[PDB]
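Next up: just one chain, as structure tokens, the form deposited in one PDB entry.
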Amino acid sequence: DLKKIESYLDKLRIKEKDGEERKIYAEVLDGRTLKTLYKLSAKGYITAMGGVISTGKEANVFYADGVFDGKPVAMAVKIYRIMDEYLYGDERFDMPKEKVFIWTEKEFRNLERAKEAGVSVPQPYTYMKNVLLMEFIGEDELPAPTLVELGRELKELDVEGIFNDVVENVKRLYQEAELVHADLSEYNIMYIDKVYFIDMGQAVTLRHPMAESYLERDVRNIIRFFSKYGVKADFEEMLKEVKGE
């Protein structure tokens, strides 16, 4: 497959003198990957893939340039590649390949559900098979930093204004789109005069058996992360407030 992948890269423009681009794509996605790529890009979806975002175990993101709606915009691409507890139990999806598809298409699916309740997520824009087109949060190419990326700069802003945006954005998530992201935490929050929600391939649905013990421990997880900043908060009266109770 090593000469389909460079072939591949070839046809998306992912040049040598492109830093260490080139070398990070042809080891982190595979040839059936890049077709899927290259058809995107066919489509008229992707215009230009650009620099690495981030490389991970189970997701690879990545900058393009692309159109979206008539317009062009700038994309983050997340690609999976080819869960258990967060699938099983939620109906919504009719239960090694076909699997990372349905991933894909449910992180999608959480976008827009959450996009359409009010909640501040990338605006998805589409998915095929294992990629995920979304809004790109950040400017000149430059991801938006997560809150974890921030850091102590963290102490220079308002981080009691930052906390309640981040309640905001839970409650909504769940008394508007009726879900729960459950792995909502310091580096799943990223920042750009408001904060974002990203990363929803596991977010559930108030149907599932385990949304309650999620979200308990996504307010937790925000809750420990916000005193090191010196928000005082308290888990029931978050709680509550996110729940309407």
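For the two forms, the rigid core is made up of the largest set of C-alpha atoms that agree within 1.5 Å on superposition. Positions refer to the first chain, counted from 1. What changes on going to the form deposited in another entry:
- In a rigid core superposition between these two forms, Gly89 is the single residue of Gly161, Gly89, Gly118, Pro145 whose Cα is displaced by 2 Å or more.
- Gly19: CA moves 2 Å or more between these two forms after rigid-core fitting.
- Annotation: Cα of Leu9 displaced by at least 2 Å between these two forms, core superposition.
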Second form
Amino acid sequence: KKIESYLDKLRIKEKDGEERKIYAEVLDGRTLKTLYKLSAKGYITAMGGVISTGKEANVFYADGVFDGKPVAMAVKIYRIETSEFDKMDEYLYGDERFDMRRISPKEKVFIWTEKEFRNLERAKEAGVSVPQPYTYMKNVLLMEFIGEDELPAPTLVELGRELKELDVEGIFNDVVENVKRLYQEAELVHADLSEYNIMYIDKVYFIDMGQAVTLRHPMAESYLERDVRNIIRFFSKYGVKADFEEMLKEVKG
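Switch over from the form deposited in one PDB entry to the form deposited in another entry, please.
There are no partners or other molecules in what follows, just the one chain.
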């Protein structure tokens, strides 16, 4: 009788029956190896529970270490099996950072992971409120946990009416300053900015930077105006009133 996998080499907190099963269901062998390697290099101390499960990617909690300090991490793992001309194949158009002449359909998830990492770096350097990026390897990206005591921060859509108890008007303005910094100093535009990928603890955080295109992308402008519409739409529901062309101007400067 041969062990099925090397999963028990990972350090997983509260690894009862069901916890193990979850990991054993979502990790493939190649991903397992990558997590093991990150643990041995010192980045991952122990892995915790599932934070998000999704089509393109799953996210888990981990305690780990960056730059000599203890940190709480979000461990984002892209599913390696990918299709069919992803939306994220298209999100590379016009991106000088990445040379198609070098890249093959098989490794395309590695590039998306890479691109998310570098977008977090870029956005952080521009003063955008995003998770601090730590490292990446293969289809695994390690970044700052936005939350407290292993509870992720609510998204704006989770908060809803509650936003009315936190200055919904300052929150909208916080969202708007972040899109402005992203556009003007990072030179990025989120492909689909919404109440689903914005978190809030005591300020806004933009938390899925993989869906962000450079300004040379053919649809940059369109995506920007759509983002502005999404944001006014959602906030208008809570009694913030704002003008499209005046926010678009604020962002575009």
